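Participant: One-letter residues, chain by chain:
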Amino acid sequence: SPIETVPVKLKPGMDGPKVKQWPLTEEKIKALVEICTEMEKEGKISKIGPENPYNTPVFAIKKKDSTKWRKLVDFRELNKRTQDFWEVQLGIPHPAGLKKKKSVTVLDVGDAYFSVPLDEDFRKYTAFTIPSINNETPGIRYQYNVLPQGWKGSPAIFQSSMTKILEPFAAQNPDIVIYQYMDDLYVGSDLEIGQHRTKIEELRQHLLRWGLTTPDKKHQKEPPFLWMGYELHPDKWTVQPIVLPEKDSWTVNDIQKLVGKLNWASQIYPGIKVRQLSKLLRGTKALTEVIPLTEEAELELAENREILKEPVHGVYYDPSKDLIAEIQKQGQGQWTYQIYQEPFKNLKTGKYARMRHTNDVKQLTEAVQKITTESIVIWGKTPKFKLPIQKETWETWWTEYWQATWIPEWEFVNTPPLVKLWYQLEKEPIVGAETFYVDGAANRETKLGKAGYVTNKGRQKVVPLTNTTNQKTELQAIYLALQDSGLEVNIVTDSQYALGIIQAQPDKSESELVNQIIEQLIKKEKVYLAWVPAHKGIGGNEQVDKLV
Amino acid sequence: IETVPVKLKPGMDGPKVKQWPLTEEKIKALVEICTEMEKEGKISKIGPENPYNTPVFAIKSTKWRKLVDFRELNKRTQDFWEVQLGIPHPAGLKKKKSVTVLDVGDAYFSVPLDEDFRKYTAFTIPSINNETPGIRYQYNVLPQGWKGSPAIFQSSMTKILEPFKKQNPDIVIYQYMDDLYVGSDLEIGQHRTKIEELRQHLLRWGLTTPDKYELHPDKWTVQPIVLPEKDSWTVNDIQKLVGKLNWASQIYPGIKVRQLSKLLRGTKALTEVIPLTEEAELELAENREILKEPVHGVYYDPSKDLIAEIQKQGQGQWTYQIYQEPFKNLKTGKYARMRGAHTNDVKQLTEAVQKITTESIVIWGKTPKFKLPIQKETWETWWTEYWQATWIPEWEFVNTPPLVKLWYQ
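The listed protein sequences derive, respectively, from chains A and B. Note that the first sequence covers residues 602 to 957, 960 to 1151 in UniProt numbering. Note that the second sequence covers residues 604 to 663, 667 to 818, 831 to 1027 in UniProt numbering.
The shape of chain A in the complex, shown without the other chains:
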């Protein structure tokens, strides 16, 4: 095509490729020249002399066992050497962010990369050769004049070329939207279908004048569109159908493939869970090892199958309407969210889960950040939030938390499970409360240890412990003091570890000890924890470290 070429350079301080054209079978050497000259005759290549010393391998195969063959070029050794290009779109557009249009047309251009010229000076570095059967004669020298199949530059040069070709037509048609993706165009408009079908044909002729072919209306896809694992319908979208295999044994590869399809489905199926199913691949290993199906992972797989039984869809985006996101807790540090404009019609859904032991509010805040980032990417704005948490509950937490946290527009929704703080240490030591001076220790080697206390009122305990850390006992020390004390109790510890974990106000944890410790803190009225430098003579701590 008369498109103007993008100048390409070889990576600085490099030179073209030169490769051993390892001879190939003759029944192949046949179709290679048959297919080639049809390409030389369409101008997409040109036989060359010896002046150019670079070469590249060529191979031959069949269209999944079909009439015609196909030509192949391992450009790997050239790609190493060609400059970098601007990267092509990372992601793809999410159907939740498309606007309803009265028509949509899918034009896919055939022969994309070959329809587009290759920068002249850079053409030499594409040479190749067909094997003179047993060196009977010289080799058929060739070289490209279009964007070769699978080359570093091709996808980027094509996209900018196409983007430029569209600029004359988009200017004289400010009422019809075109999106690009690789080799396709997706044209939408709010033109009475009679007009729409006429513009598609103008666009087609336009594109054809620039040397880019495109499907007659007798060959144009129709709704629904099965696009990139999606179902784009005229007025709704959903994921293509999900299939979860029935097996009695699961390989760590088959567990990857399954938790895949489950994440995928979670963008619009509300309630999918993957906590237990991904707990398995925890112990990472080679994709082939057979992993036992746990009991909890099995109930999930059953609830997911339950959620997937019937279909559900999402609506499309309407900029005139507000954007709403709603969050619910699912327990295991698993959360679920819906984003909608209308209550019976979600734009989309999804799930957040913390991984390695925080608390309910901090987790909420993190989920609001997942959602906010996602919104911006998809709709370019941030939603309003309905959150299961009392304003008073939340003001209290950020007013005291050590990080800064942002609270965008939100309103409370009284839908259990509300999110609340389960206990708050006192700011100052309690009066009329016993005062425990816990401490603890273990043996790095034997893994034997003990935990105890000594209260002001002369009361003392010491327990023994096997299979514990210098830290698992320091938390056991505090659990002792809470078990053996009133509803108001002051505790004094020399372990910054323990003090930190508690001042963190967790409400659940992966350590089983910590859950019982949380239990006591709720069963208590006023608890003040306090820290003193470990074993430095203070008084109180000086005497309890001596027991343990």
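These are computed hints drawn from the structure, not numbers from a lab. Beta carbons are placed, not taken as given, at the ideal position from N, Cα and C, and that holds for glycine. It is possible that part of the hints are untrue.
[To be verified] Taking CB as the label site, the calculated pair distances span:
#, chain 1, residue 1, chain 2, residue 2, range
1, A, 1048, B, 1020, 28 to 34 Å
2, B, 690, A, 1048, 55 to 61 Å
3, A, 602, B, 686, 52 to 58 Å
4, B, 1014, A, 1100, 21 to 27 Å
5, A, 1021, B, 848, 40 to 46 Å
6, A, 632, B, 650, 32 to 38 Å
7, B, 695, A, 995, 47 to 53 Å
8, A, 834, B, 961, 45 to 51 Å
Based on the hints, put chain B in the right spot on chain A.
Facilitator: Below, chain B alone, put in the same frame as chain A:
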């Protein structure tokens, strides 16, 4: 005139930083801005054979304003353009009684940029929902935000500024990126009228300044450590007080605590008061003073990086320390903002990050790397909503809190 050639550090290739997603409001305000700029030669559209990239943002007044984050291109170049083309930093600017900051960034737009260099200035206006490829430009004039720009304009600035220098040999003028720091020992009201002179002087030589900010650095010290003061010391008070002073020992060695370690001999309850022994108040005064003085060994190292740590203190109050080795605090202070129905967490962290950077520029001619107490993704999201400055310091996010919260309040 002709262009100053710019060579990257041999071996280092150009910036390739991904473009953050933006609100549509901001993408639009950028498209407007960038269409005016292209209309005036300041930038040009580019192809895919240019692979570099450098984020862009929109900040603010009622007028939007574009802000390119050239942090990566600075490291990859201006590091050899603080060497090859340094702007020297004057140690008298800090001592001046007042210091005003004038935005003089619009001057670079009258200077062409070396042809071979332009490719590394590329940036992208992003599309919403990956709907279209992205609008790609590259600078043809000296970009704001790049450190190599004021380096190149230096000679023109020294020239344009010399008539004002001679009529005012006592005023200090320092150029950092897009701003002029001009500080006088002058009375403030004089200072404020002397500033409109420099404004008029620059205005009648072609350099506009949109202004139509005032720091006082001669009070900026390393704030001292605050031992609590109490009539009666409960066992707890003595316990906190012992801990606060035990931490201080990492900074001021020479703190003595054995004497206040006896006043908690037997395991008394917490609410229990305890009078101060005399071997004790020996140390609530002996130690209460070896702490009001200076640390030792604490000098600025010009070959290292500065590091600012910030900690939220509660009720709109933040504390901060700037250092280069732990405990060797080169500078500490405290920021607070009156707002009411005005301020939240991230607006405050942001105001403080700028208040600390400005100071750090006045005092040293370079910005610190902040350890910020905030979720990484949260900061990446909202930090532009309150950014009023043209430079952008490096930063990194604090993972674990401090048990040492009160220890700087």
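Participant: The structure should be examined with respect to each hint, and the outcome stated for every one.
Facilitator: Now for the hints, and whether the structure bears them out:
Checked against the given bound of 28 to 34 Å, the beta carbons of residue 1048/A and residue 1020/B, roughly 33 Å apart, stay inside it. For residue 690/B and residue 1048/A, the Cβ-Cβ distance of about 59 Å falls inside the hinted range of 55 to 61 Å, so the restraint holds. Look at residue 602/A against residue 686/B: about 43 Å separates their beta carbons, and that is not inside 52 to 58 Å. For residue 1014/B and residue 1100/A, the hinted distance range of 21 to 27 Å is satisfied, since their beta carbons lie about 24 Å from each other.
Distance hint for residue 1021/A and residue 848/B: a CB-CB separation of about 41 Å, consistent with the stated range 40 to 46 Å. In this structure the hint that residue 632/A and residue 650/B lie 32 to 38 Å apart at CB holds, the actual value being about 36 Å. The supplied range of 47 to 53 Å is met by residue 695/B and residue 995/A, whose beta-carbon atoms lie about 50 Å from each other. For the hinted restraint 45 to 51 Å between residue 834/A and residue 961/B, the CB-CB distance of approximately 47 Å keeps it satisfied.
In summary, the structure is inconsistent with hint 3 from the numbered list given earlier, while agreeing with all the others.
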